[PDB]
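Here the complex is missing one protein chain, while the rest keep their positions.
The letters A, B, C, D, E, F and G name the chains in turn, as written, and every chain counts its residues from 1.
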C-alpha cells in the first residue's frame, strides 16, 4: 500500500533528529464516468506521480534502495554553521528543513555531479 | 503496456513443474475523438498496469532487494509455518500449491522482512558514527 | 520534473561517442474539459515512457548505474568495425542506424546472461 | 350542379346595370369564374375574369374603366357593372366556372398546438380558361 | 381585338368527314394551349377539349382535335344527324387580354 | 562533515490536491450521492498521535470546503441531466380554492401522447409556487420567465448518507484535538489520519441539522468578531430535539404532458387539511439560549438581545430544510428568537415544490409529491447568527452563505503533503 | 533454513479488472467505435501450461457482464448526436398500400422548414410499426411511453470481430478440452494474452455467425434438471441460411421541423414479395436428429420439439439483423414441430416480417429507428448453436426454442476464457542468508 507507507514516516514528527532513527522501529513492531469516478482516477495517477518522483530523484545520485546512505560531498559552513551536538540532539526535522530551505537547488545539483563524476572515473580504470 | 505486458505472462509458464525445477526449465524455455467508451477503458487499463507493477517493486525495495531475483533474507524459517523438510518441498510440490498452504501467513511474513532489514540498515550505515 | 532530465541527454547530438561522456560535464558544471483529459493523458504517458526504460535496466542488472557493463561477448557479425574507430569518428545517432535492427536479439540475449549469472551465484 | 344568373332585363341606352350569378353545388371560394357574351348570329366573346379571392381582375380592351367584376365569400355571387350601354352589346351573357381548384399546400400553424385550423398561406392553381358549368344566362336588350 | 378565323357554316351529311379549323396569331395560340366547345342550337354550351390533348369523361372517342403551330384543327369521325351544332375555338392567357378570344362559330 | 540523505523524515508542507469519496458498503437504491460507484472505507482507520507539535491552521482560508462545494453541485447536475423537464407545463393556469387557503386547485390544457389532441387536466399546486398574472383568476408557474425547470426522478432519493474524504496516496490529512480550539489558532494536540470522519451533507439556513457535537465549552467560531458581515457559527455541546411532520394524507396523480413525457402532481387530500408544525422542546431550548447568552457576552462585554429574522424572501431569511424528500420552509421568527414546565413551541411551516437552490438564476428543481405522511426527527447542533451594527448588541439568524453548513464539520482538518527526503551533515563519506 | 524471496513464480489468483478493445488495423464510422480502438498484433503469442488442472465456471463469469454493459453504453454514444423523432407521431390517416398486406400508406401533418407553417406529407410504414387509436387513424407504436430517435445513415452495424484484452499484469486463461461443458476442470488449460475474434451479433432463437465445436456437440447448461435456465446447444458442421427480400425500396427525405429531417419509404419498384429465409432441409433434418440424441442421453426418456410459447413478437421470433433492416422470422411449425425416434433438398421457407422501430435489450426509454435501405439485401449466414428451454412434464420432455436473456449469446463465445492476476512474489526456505 502506497498510502499506508507514506503515513508511517510522519509519525513522531516532534521528536529530535537523533531519536527518530530508532523510534520507527518500536512503532512498526506491533503493526464509471461520474464525478466521483473521475476524481478517483485523477488521484491514483497523482499518487504514482508523487511516489516515483521521490524515487527517481534518489536514483540520480547512487542511492536507489538504501535509506541511510552517505554521499561524498563535503559539508559546507555557509549553509549551516552549527555543531553536530546541537543539530542531532536539540532540533526536530521539520525545524531543520526551515533553516536550509534556501540551499536546496544548489544541493540537489551538487549531489548529481558528485555521483555522475564517480562513474566516469570508475569505468576508466580499465583503459 | 507494450513492454511490461508480456513479461508477467512470461514466467507464468511451466506452472506444472516442481519448485526445484522451475528455475531450470524456464532457462531453456526462452531458447526460441479519443473520448468515447473505448478511450476511457484504455486509459483505465494503463493506470492498472502501472499500479500493479511498482506495487511489486515497492515491496522489494523495502526488503533490501532493489531489483534482484533470488535474494537471501536474514530471517530464520519458523518451524510452525511448515513442518515438512527442505528436500521434500522442492521436489514434491509446486508453486501454485505452495500459496494455498503458506500464503495464509502473508501478513506477519511481510513485516518480519521489514524489521530484519530496517534494523540492519542502521546497524551498519548508522553505526559508522 | 521528469522532462528536464530527459532533455539534458540530447545536448550532445553531434558530438562523438568518445566525447559524449565528457561533453555533458562542461554543460552541467556550466549551469474536466478537453485539456483536463488531454493533460491527464499526458501524465500517464510520461510515466509509461519513464519506467519502460527503468524496467529494461532491471532485467540486465545494474538498475541504478549509468555506464554499466555486462558479461556478454561482442559478436563480430553485428558490426564489422574495430573498437578505436567507434569512439573517435562516430556519433551516437549515426551508430544506431547500423545496428538498430539487432536490438530485439541483443536485448533478449542480455536478459539471459544476467538471469544465468543469478542462478550460478546463489547456488554457492 | 346549377348556375343561375340575375340582374338582367330591359335597359335604356346610357344607363347602368349590375349582373349577378348565384353559385351552388360546389365550393364557391375554390374556383374561378368567367363572363362571356355572344351576339345573335355571331360567336362568343370574353367579358371579364376573376380569381377565387378577387385579388386579380382582368377585362377586355374595349371596356377598360367602365366594366368591373368582384365576388363575395359570404354571399357567393359575381357582380358585373355595365355602363354606357351600346346597341352592339346585346348578346347571350352567361356565367362560367373554371375547373382548376386552388389546392392549398402550406397552412398557417401554431407550434405547441398543431390542432387549430388556421387560414391558408401558400396556395397553387389559377385560371385556365376552361368552363365546365354553364348557366342559363340573362338576356339584355338596349334600344 | 384579335379574332379566330373559322368557317361560318359547313356541310354535314351523315357518314362523311368534317374538319373544323382555328387559325389565330402568335400572341394567343403560339404560346398558350387551345380549347374547343360545342353550342347546340337552342342549348347551352359545354366543354369539349381542354389542354389541347385531354377530353372529359362525358364525350366518346369520336371527338378529336389537334394543333399545328399557330393553327388548330378538329377532326371528328362517325358523323350522325344529331351532330349538327355550332362548334367554337377558344384561347385564354392570363398574361394579356388580347389572347382571350372565342371562335366565330362553325355550323356543321 | 559529509552530506547524507534520509528517506522517510517527517517533513510536510501544505498544498492542494483532489480528494475522492469513501463510504461503507450498505446495499439498488440509486441515491443522489453516487456512493454505489464509490470506493468502500476501512473498518479501522489509522490515527496516529503526533506529540510535541503545535501546528496552526486557518478555518476560513481552507480549501477542502471549496472542493466539497464544487462536488455537491456537480453531483446534483449529474442526477438531473437525464431527467424530464417541465417545459410543456409553462401554460396559463386557472386555479381556485381547495376542499374544506394556500392549496390551489388548478386546471389547464395538456397535450396527450400525440400533439393533435389536447385534454383539460387538473392538479393541486401550493400558493407559494404560483404567481398571479392579475388578481381577479389566472396563475402561472414561478419559474417560467427566468430559466428552464426540471423534475427529479421519483426513484432517486435525497437521503444524506455519510461520506468520507480521503487524501491520495502520498498525502496526509491533519486533525486537531484541542478542546476550546475555535476557527483560527495553533492547536497542540495534533493527530494525523488518511480519511475524514462521518460527514453527512445536509442543507439549512437558520439552524444546523444532524451535526456533530464536538466537545464541551460551546465554541463561537468566526473570522472578524468585531464586524457586521462575518456569520457567527455557534457549535453546541448539548443538542435538543426538533420533530415535525405533514399531517395530510395526499395521493400522487400521474398526469401526462407532451409526447413521451409525464410528471407526478398532487391529487387528492384525504381527510381534513392541517398545517405542518415543528415541536422544538421549550424548557430544553430556553436554557440553550441562556448558555449561549452567557458565552457570547464574554466575547463582547455587553448584554445581548435577540431579534427575529430580517425579512424578504424565504430561502435566505427563515428556516429551510429537507425532510424525507419534501422541502420545508418554516419561519421561527418570533416564537423563540424574540427573547433576551414541559410545554412546546409550535412553529407554523410552509411547504414548496419548486426550489431555486444553490443561488443561481437557472437549474430550478421540482420535487415530486411524496404520498403518505412524512415524519422526521432530527437534532440541532449549533446556530447561525449575524450582527446588526450600532448600549446593547442585537443578534439575528441569517444564512450568509451555504458553505458554512460544511465548515461546522470540516473545521479541524488540514491537508498537507509529505516530503520524506532529508539532508543532514554527518561523519560518513562514500567508502 | 533461511527465508528467501523469489521473483517471477507461477502463482495466479482469480480476480476482476477492466478490459479494452483490440481489433485489426484494416481502417466509415461504424456503430462500434473501432476506428478509435487499438490495433492488434499479427502473431498472438500464447503458452501451454503443462500438467495442470484448472477449474472455472461459465455462468458466473465477469466478461459477459462487462461486454453487455459495454454495448449498452456504446449504442447511446452513437445515438446521442442523432436527431429525435419527437414531432413525428401525430394523427396519421393511414390507408392501404396500392399493391400478404402488411404495409400501409400514411399521410400526416408536419411542420415545414420554418416553424410558423405546416404541410402534409406522405410515407409508407409497416403494419407492425403502427397501432390504431379507435379500436382509420393510426399513430406510432411507442411514442406514448418514451421518446424515439433515429440512426444516421453514416454508420453501419457490420459485426466485426473484437478482442477483449487484459492490461499488463493480468492473464486471460483459455481452455482446450474438447468435450468441456459449461463448468468443470480443464485438464489442458493454456494461457493466452487475450481472446480470439468475437463477432457481436444479436439473435434470439438461433445463433448466427460464430465459432464451431471441434469434436462433438456440446450441451452447456447451468442446471439441466431445472425449468428456467436456458439450454445452450453448441453445434458442429453448421447449417447455412439465406434471408432475402426481393422487393425494392426508395428512400425519401421529408421535413419534420427546422433543421430536422428523417428518411421514410417512398415508392416500391415491382410487386410485393414476402421476405423469407431458406434452410436446406436435408442438412437440417440431419442436425435435429443428432441434437435429439444427446438430450435423450441426459434425460433417459424420449424428447419432442414444439412451437414457441407465443405472446409478443420480440421473444418468439428469430429477431436478427441483416444489411441494416431488423428481421422477425416465424421460425416455428417448420423446424420445431416434430419428434425423433430410433432427397432433392426441399428447402424450408420461413415467412419473415420486417420491423423498423426496435427497442432492443428490453429497456423502455430508448427506441431506435432504422432508415430504409435502398435496394435488396441478401446475407448467407451460418447457424452455429441453438437456444432451447424445457416445460416441466412428468413421459416426454417438450422442448421449445427461445432465449432467456440477451447476455446468453455471448456466453457461447466466452465459454473457454477466464481472467486471473499473477502474484510474482514467492517465498520458500533455503540454506542461504544475506551473509555470503
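Quick notes on this structure:
To be clear about the criterion, a contact is a pair of C-beta atoms (placed from the backbone, for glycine too) under 8 Å apart; a residue touches a chain by one contact, two chains touch by 3 or more.
Of the options G:185, G:258 or G:375, the residue whose C-beta touches the omitted chain is G:258. Which of F:56, F:92 or F:290 touches the hidden chain is settled by the complete complex: it is F:92.
Contact residues of chain F toward the unshown chain are 87-88, 90-92, 109, 140, 143-149, 362. Along chain C, the points of touch with the absent chain fall at residues 1-4, 6-15, 17, 20, 24, 32-36, 38-39, 41-43, 45-46, 49-50, 53, 56-57, 60, 62, 65-74, 79, 83, 86, 91-93, 95-96, 99, 103, 106, 110, 117. Where chain G meets the missing chain, the touching residues are 113-117, 255, 258-260.
Just so it is clear, only the chains that are shown with their structure count from here on.
Between chain A and chain C the centroid-to-centroid distance comes to 26 Å (mean Cα coordinates, whole Å). Between the CA-based centres of chain A and chain B the separation comes to 26 Å, rounded to the whole angstrom. Contact with two or more other chains is made by residues 90, 109, 432, 436 of chain G. Contact of a single residue of chain A with at least two other chains is seen at positions 2, 24, 32, 41-42, 44-45, 48, 51-52, 57, 62, 64, 66-70.
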